[PDB]
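Visitor: Residue-level listing of the chains:
There are 8 protein chains.
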Amino acid sequence: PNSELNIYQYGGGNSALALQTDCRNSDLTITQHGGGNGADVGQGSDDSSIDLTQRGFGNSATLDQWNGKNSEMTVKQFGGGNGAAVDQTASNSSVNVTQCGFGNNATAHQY
Amino acid sequence: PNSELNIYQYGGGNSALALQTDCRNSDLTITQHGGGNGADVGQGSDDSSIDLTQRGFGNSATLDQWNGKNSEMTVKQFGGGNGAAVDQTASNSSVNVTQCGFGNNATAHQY
Amino acid sequence: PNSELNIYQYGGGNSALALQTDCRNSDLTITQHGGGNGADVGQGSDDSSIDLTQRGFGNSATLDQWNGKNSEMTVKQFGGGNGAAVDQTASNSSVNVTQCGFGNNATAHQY
Amino acid sequence: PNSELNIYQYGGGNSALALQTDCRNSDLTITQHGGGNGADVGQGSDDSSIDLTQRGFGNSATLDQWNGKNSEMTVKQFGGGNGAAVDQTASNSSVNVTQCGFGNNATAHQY
Amino acid sequence: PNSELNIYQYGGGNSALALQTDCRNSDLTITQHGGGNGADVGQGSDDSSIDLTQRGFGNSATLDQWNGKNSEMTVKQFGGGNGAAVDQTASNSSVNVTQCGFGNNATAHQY
Amino acid sequence: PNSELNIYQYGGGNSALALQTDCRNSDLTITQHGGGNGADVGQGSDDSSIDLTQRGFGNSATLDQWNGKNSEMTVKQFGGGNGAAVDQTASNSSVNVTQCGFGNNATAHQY
Amino acid sequence: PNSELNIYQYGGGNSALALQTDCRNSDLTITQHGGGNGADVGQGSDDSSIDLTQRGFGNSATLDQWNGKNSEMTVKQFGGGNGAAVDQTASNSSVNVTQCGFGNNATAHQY
Amino acid sequence: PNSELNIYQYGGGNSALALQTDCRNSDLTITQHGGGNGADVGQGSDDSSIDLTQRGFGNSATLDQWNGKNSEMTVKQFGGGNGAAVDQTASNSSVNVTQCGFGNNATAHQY
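Protein chains in written order, with our numbering: chain A, 1 to 111; chain B, 1 to 111; chain C, 1 to 111; chain D, 1 to 111; chain E, 1 to 111; chain F, 1 to 111; chain G, 1 to 111; chain H, 1 to 111.
Don't read these hints as lab results, they were simulated from the structure. Hints are supplied without guarantee of correctness; some may be wrong.
[Said to hold, decoys possible] Taking CB as the label site, the calculated pair distances span:
# : chain 1 : residue 1 : chain 2 : residue 2 : range
1 : A       : 103       : C       : 101       : 37 to 43 Å
2 : A       : 67        : D       : 40        : 44 to 50 Å
3 : H       : 106       : F       : 100       : 47 to 53 Å
4 : E       : 2         : D       : 24        : 17 to 23 Å
5 : E       : 107       : D       : 102       : 45 to 51 Å
6 : H       : 1         : F       : 70        : 22 to 28 Å
[Stated by the list, open to error] Computed cross-link-like contacts, DSS-like style, restricted to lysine-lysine with a CA-CA straight-line distance of at most 27 Å:
#  : chain 1 : residue 1 : chain 2 : residue 2
7  : F       : 76        : E       : 76
8  : D       : 69        : E       : 69
9  : G       : 76        : F       : 69
10 : B       : 69        : A       : 76
11 : G       : 69        : H       : 76
12 : C       : 69        : B       : 76
13 : E       : 69        : F       : 76
14 : G       : 69        : F       : 76
Note that beta-carbon positions come from the ideal geometry of N, C-alpha and C, so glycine has one too.
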């Protein structure tokens, strides 16, 4: 059971919360480029992947993948002030979020 | 159940909210080109597809895929300020909604 | 049941409402060219087809196909301000309404 | 395998790398307060904990916990430009690093 | 094997080098007060202790405790520029170094 | 074997060399008060003690306790520039040297 | 064998050389008061005593106990430049030498 | 064998030569008052005594007591430049020499 959590933070003013529990063979990566991006990621699913990359300024993300299996979730934010929340509990399922520009709001739920 | 939810944003000021639940072997894709388009997509149908594409400005869409099976959704806006709302519950059914121009309103239902 | 609802707008200020229920293996098609054309189409007929084409300005059509089977409705306005109201319940029947010019009014009923 | 990795950055310009694999039931905690602090932490040890606290600016610590069991590693850097390098492979073992001030360099290896 | 390594540095410009390997149930403590103090301490001895206290400036002590058991090594440097070099390999043995003043040099070997 | 070696230095510039090997259940104590005191003391005798007290400045003494048993070694140098050389090898023997004043030299041998 | 050597020197420039070997339960006391007194005392006699007291300046004494038993050896030199040479081998014997003044020479042999 | 040899010199320039060998239970006493007085005394006589008293300047005495038993030897020289030569070998014998004044010469033999 290899669980991997990576937090890559470049620039100034980025802040991160990352959480894995009961998630076997799961990968969760946080990469922040720029400034002021705040991150909160929860992973509790086996054989699942969470990939959160922030490039820009002022983006905020809340990401929860629970009780799933063989699930891939991706959130990529480019630009400024974009806010994302992703909840994924479906098994063998994928959620992909990519927001480019300013002030974009995205909410994704997969059960 | 291989379920994919895709949000691709190009431009500035677009907003999207996506819902996919109890949804086996189906795809939900939201693509916006331009600015200020607003979207709300709920998909709960097995072996189904929703394709919502916005190219232009100020278009508004609401899409609901519920309790169906083997159903297809393709909803397209070209231009400005087009507003569409579609409810589809029929199985083995498809609704293909397109607007070209400005200020067009379309309502579609399938049961 | 392969049932399709189609709405196409070209121009500006056109409005179309389409409702189709209990209508199996049937097509709903609306095409509006120009501006200010208004459409209200109800389809509840099995193995039936509705084709409404408005080309021009200010044309209005109210179309209802209920309880029929193997029925076809083709309503076409060319010009300005033409008004059509057609109600069809007969099975294995076809009504074809065509208006050319300005201010034409046509009512068709088939039972 | 409840394996948790937390990294907290408050301020701007901090850099931290955290790596957890082959590491069951283990916690890796990074807390960076200020700006420009550097951290590289690798964790591959069972039932182990890593705690890193950098408070100030420009501090450096390179931290490796591999192959160990029931092992705790603590480093607390207070001030500016402080350097500590700690490798841990010993089981049931602890290393405590406490740097206060500017330009401090102290290295510990535990096997 | 509850083995603890502690370093306490107060002031600026102090350097200490500590090594604890294969070293079960043992403690290594370094306490530097002032500035520019240097210490090199290696510990490879079971159930052993190393206590080093440097208070002042420019003090240097090079300490090695290897292959011993139940061994205690104490060095206390008070003042400036003091040097003590001690190697301890004997088991159930104790070394005491006490330097007060400036430029003191005392060397101890215990086998 | 409880073998404990003590060096106490008060002032600045005092120098002392102490060596304890194969010397079981023995105490090695050196006391230097003042400045510039030089001492070389080697102890390899079981159940033996060496007590060296230098109070003043520039005192020099060489003490060797080898191969003895139940032997006590005492040297007291008070004043300045006192020089004493003592070798003790006999068992159950005591050597006592007291120097008071300046420029004293004393040699004592016990076999 | 409780055998002790005592050397007491008060002032400056006094020199005393003492050897005790093979000599059980025996005493040697050297007391030098003043300056420039020279003493050479060798003892090899069981349960024997040597008492040398030099008070003044430039006094010289050479004292030898070898192979005797129950022997007592005394010289008291008061004044300046006194010279005493005593060799003792007999058992149960005592020689008392007392020099007061300047330039005294006294030699004692007892076999 | 309590055999005790005593020299008492007062003043400056007095010289004494004394030898006591094979001489058990006998006393050797030499007393010089003044200056430049010379003494040569050899004692090898059992249970015997030699009492030599020189008071003055430049007095000379040579005394030999050999092979005798229970023999007493008295020389009292008062004044200046007195010379006495006495050989005593007889047992149970007493020789008395008394010189007062200047330049006295006394020779005594007892066999």
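Visitor: So which hints don't hold here, by number, going up?
Guide: 1, 2, 5, 6, 9, 10, 11, 12, 13 and 14
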